[PDB]
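Number of protein chains: 2
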Amino acid sequence: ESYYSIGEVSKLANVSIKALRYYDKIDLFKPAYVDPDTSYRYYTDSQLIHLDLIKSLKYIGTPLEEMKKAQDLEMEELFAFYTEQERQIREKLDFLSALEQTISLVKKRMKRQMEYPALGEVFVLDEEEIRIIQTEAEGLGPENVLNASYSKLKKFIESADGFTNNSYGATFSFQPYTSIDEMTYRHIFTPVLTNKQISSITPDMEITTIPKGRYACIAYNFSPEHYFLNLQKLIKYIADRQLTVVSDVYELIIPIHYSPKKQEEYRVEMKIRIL
Amino acid sequence: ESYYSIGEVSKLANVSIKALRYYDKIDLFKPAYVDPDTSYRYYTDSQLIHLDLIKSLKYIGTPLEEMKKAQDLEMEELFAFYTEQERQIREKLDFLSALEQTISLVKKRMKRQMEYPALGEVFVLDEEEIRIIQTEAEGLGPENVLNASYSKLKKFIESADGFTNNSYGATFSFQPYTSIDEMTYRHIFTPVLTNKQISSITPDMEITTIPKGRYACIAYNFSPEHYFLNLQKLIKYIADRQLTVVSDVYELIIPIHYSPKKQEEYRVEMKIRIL
DNA sequence: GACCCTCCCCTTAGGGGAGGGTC
DNA sequence: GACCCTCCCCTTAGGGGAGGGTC
Ligand SMILES: NC[C@H]1O[C@H](O[C@H]2[C@H](O)[C@@H](O[C@H]3O[C@H](CO)[C@@H](O)[C@H](N)[C@H]3O)[C@H](N)C[C@@H]2N)[C@H](O)[C@@H](O)[C@@H]1O
Ligand SMILES: NC[C@H]1O[C@H](O[C@H]2[C@H](O)[C@@H](O[C@H]3O[C@H](CO)[C@@H](O)[C@H](N)[C@H]3O)[C@H](N)C[C@@H]2N)[C@H](O)[C@@H](O)[C@@H]1O
Numbered sequence: 003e004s005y006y007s008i009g010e011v012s013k014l015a016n017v018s019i020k021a022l023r024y025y026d027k028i029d030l031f032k033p034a035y036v037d038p039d040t041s042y043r044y045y046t047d048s049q050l051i052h053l054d055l056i057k058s059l060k061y062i063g064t065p066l067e068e069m070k071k072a073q074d075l076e077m078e079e080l081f082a083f084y085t086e087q088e089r090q091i092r093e094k095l096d097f098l099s100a101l102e103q104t105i106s107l108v109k110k111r112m113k114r115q116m117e118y119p120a121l122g123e124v125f126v127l128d129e130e131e132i133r134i135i136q137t138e139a140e141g142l143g144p145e146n147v148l149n150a151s152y153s154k155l156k157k158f159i160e161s162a163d164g165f166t167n168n169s170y171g172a173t174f175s176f177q178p179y180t181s182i183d184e185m186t187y188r189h190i191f192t193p194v195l196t197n198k199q200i201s202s203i204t205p206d207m208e209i210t211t212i213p214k215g216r217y218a219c220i221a222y223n224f225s226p227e228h229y230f231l232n233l234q235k236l237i238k239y240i241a242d243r244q245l246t247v248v249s250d251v252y253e254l255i256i257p258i259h260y261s262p263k264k265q266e267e268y269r270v271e272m273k274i275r276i277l
Numbered sequence: 003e004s005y006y007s008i009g010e011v012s013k014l015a016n017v018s019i020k021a022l023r024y025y026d027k028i029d030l031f032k033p034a035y036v037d038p039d040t041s042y043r044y045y046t047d048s049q050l051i052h053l054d055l056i057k058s059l060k061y062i063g064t065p066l067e068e069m070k071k072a073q074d075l076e077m078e079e080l081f082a083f084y085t086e087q088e089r090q091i092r093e094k095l096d097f098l099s100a101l102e103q104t105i106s107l108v109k110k111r112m113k114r115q116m117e118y119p120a121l122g123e124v125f126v127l128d129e130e131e132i133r134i135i136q137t138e139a140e141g142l143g144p145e146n147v148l149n150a151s152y153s154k155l156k157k158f159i160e161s162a163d164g165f166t167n168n169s170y171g172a173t174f175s176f177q178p179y180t181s182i183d184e185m186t187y188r189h190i191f192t193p194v195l196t197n198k199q200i201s202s203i204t205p206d207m208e209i210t211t212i213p214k215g216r217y218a219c220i221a222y223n224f225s226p227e228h229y230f231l232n233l234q235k236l237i238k239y240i241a242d243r244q245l246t247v248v249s250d251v252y253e254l255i256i257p258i259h260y261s262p263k264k265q266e267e268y269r270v271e272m273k274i275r276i277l
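As given, the protein sequences belong to chains A and B, one line each in that order.
The first sequence: position 44 = 46 (UniProt numbering), numbered continuously.
The second sequence: position 27 = 29 (UniProt numbering), numbered continuously.
Bear in mind the hints are in silico, worked out from the structure with no lab data behind them.
Every residue, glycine too, gets a C-beta built ideally from N, C-alpha and C.
Careful: at least some of the hints might be erroneous.
Examples of chain B residues lying across from chain A (beta carbon under 8 Å, computed) [claimed, not checked]:
#, residue
1, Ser41
2, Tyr44
3, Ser48
4, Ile51
5, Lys57
6, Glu145
7, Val147
8, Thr211
9, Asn223
10, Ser225
Below are the BS3-like pairs computed for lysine-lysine, each with C-alpha atoms no more than 25 Å apart in a straight line [to be verified]:
#, chain 1, residue 1, chain 2, residue 2
11, B, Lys263, A, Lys70
12, A, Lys109, B, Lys110
13, B, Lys238, A, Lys57
14, A, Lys70, A, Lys60
15, A, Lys94, A, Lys198
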């Protein structure tokens, strides 16, 4: 015998007016009475029960046209719909959960770049392993290597990590080169950062890693004059301190920013392993 | 010296054409060259680097106008933005994680209702505790009690669980009543299903629970003729098997469906505790 | 005054599709 | 032929606000 205006319901049910009006329009929840002249909406007390579900499902995030299907459902049938919701949640849980490790690790790798002891000078250091995806570089050089050169590797990684490599890598044979002009990349690769499977990897992609070990490194900010010089510096450090190299030179390039409105700049790192 | 059409980039970067066009419109990522007559878009190989971030941030779910702010940021500053993302993730993780327990528990309570040994007959059984929110019922009766009668309790629960009670409860003193006409509810309550804090609960709300114990129950599907009868049945079962009651009668009403296009139906349960 | 009505413009990140024109 | 262009209509769950009228 008590009837509620939209305002009354709104306050009562902690749902907004514009919201009830909306739910009225999509015929998910309609007033018991619409005065035909004033088009005012009036609601019975016994209606409010229909909101409990709506409100819940909303909180869960069920889309509206979907609630409508849910309303009809009988107790046993609704139960199942819930466990559907349960499974859908576990997914998001996984998906984020994964992302959390990913980002913490992206961050961990960004740290070293800012904590690098000095630029332009060579030093040795003890390195954790880095897993990576590589492919034969088909006669590519520092000179003519392209971004596009990476696109297949980059599919795989994205399909795997979801989270595109900040980084670009290539390797080549440690030699007394005298010229950029003399150098060819053996493979080019990009680091993976998930231990998530890589479905349907084709066999022209080797999964391998930059082994744990001790490394003569040198790292600077790119510019053409320095590239070759710093390589030189490296070779020298080896030959002088008289060491035995046991890998290629690994070279990794990392943007310092992605502003398309500032001049491009990149951090380069050449490392190599020793006995 | 190699330039890419939108199609070329799209395939290269595994981003859609309509997507690059869009990113062009919002000046997040613009081609290096737009032919002035054909309005064809052309891109440099050295541009594709700007997509790695975009693509990542997208995967993380960063909104676009926000990526723009991120692009300018310097390595140290970007690092922080990430940990912002890290914290924002942990929230969702919590939020869902909570929901998962909630739903598993909503489900657990829905089960018993469908696994209830028989309807209309009384039996005793051993009950887990049920926490709940209640309030003095201010002389309310089975006769005149309303949905609205619950609205404050229901705020609290929603503010706490997010997930509106499927259920509605009231209690009253076990007596040889002869009439619905004789009955008053002592409190009316609604079960909580989170152990999450209930911020700024006002003191006219008692947090308490339906204690763990042994209970004479009876549960049926509502209709006016049966209500009082089944109560009667209950009283009788006690008096005959000669038992001592140690609580009020708890009464709980639960919709069987929320279809607003079928006749309303409800499951009632009256239980009481014994020594 | 305080509610309530309808109606209209607004948001995100594009996809689908038309009706051209181009490489 | 296969690319690419612009332009337009579409989606979700409403909120904000106008310009009335009503309880
Ligand atoms: N590793 C080659 C890389 O190409 C791009 O850019 C990096 C290159 O190394 C530079 O290219 C060359 O610059 C000069 C003339 O081109 C040469 O003297 C020099 N030896 C080369 O390094 C480029 N311009 C900037 C940045 N350093 C990408 O970031 C990455 O796809 C890829 O890994
Ligand atoms: N507990 C009272 C409850 O009111 C509503 O509905 C339930 C009531 O119990 C019924 O009300 C009464 O129906 C008859 C005439 O009104 C009476 O003879 C009977 N004794 C009463 O129970 C109602 N119509 C259906 C459903 N059972 C709500 O679900 C809930 O807010 C609240 O808990």
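Hints, one by one, checked against the model:
1. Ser41: violated, 20 Å
2. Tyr44: For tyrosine 44 of chain B, the interface hint is violated, since the closest Cβ of chain A sits about 14 Å away, which is over 8 Å.
3. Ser48: holds, 7 Å
4. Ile51: holds, 6 Å
5. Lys57: holds, 5 Å
6. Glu145: violated, 12 Å
7. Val147: violated, 10 Å
8. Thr211: violated, 21 Å
9. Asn223: Hint on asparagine 223 of chain B: violated, closest Cβ of chain A at ~11 Å, above 8 Å.
10. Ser225: violated, 15 Å
11. B:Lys263 with A:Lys70: The hint holds at about 11 Å.
12. A:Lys109 with B:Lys110: violated, 41 Å
13. B:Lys238 with A:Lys57: violated, 40 Å
14. A:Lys70 with A:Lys60: holds, 12 Å
15. A:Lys94 with A:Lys198: holds, 16 Å
Figure legend: structure checked against the earlier numbered hints; hints not met, in rising order: 1, 2, 6, 7, 8, 9, 10, 12, 13.
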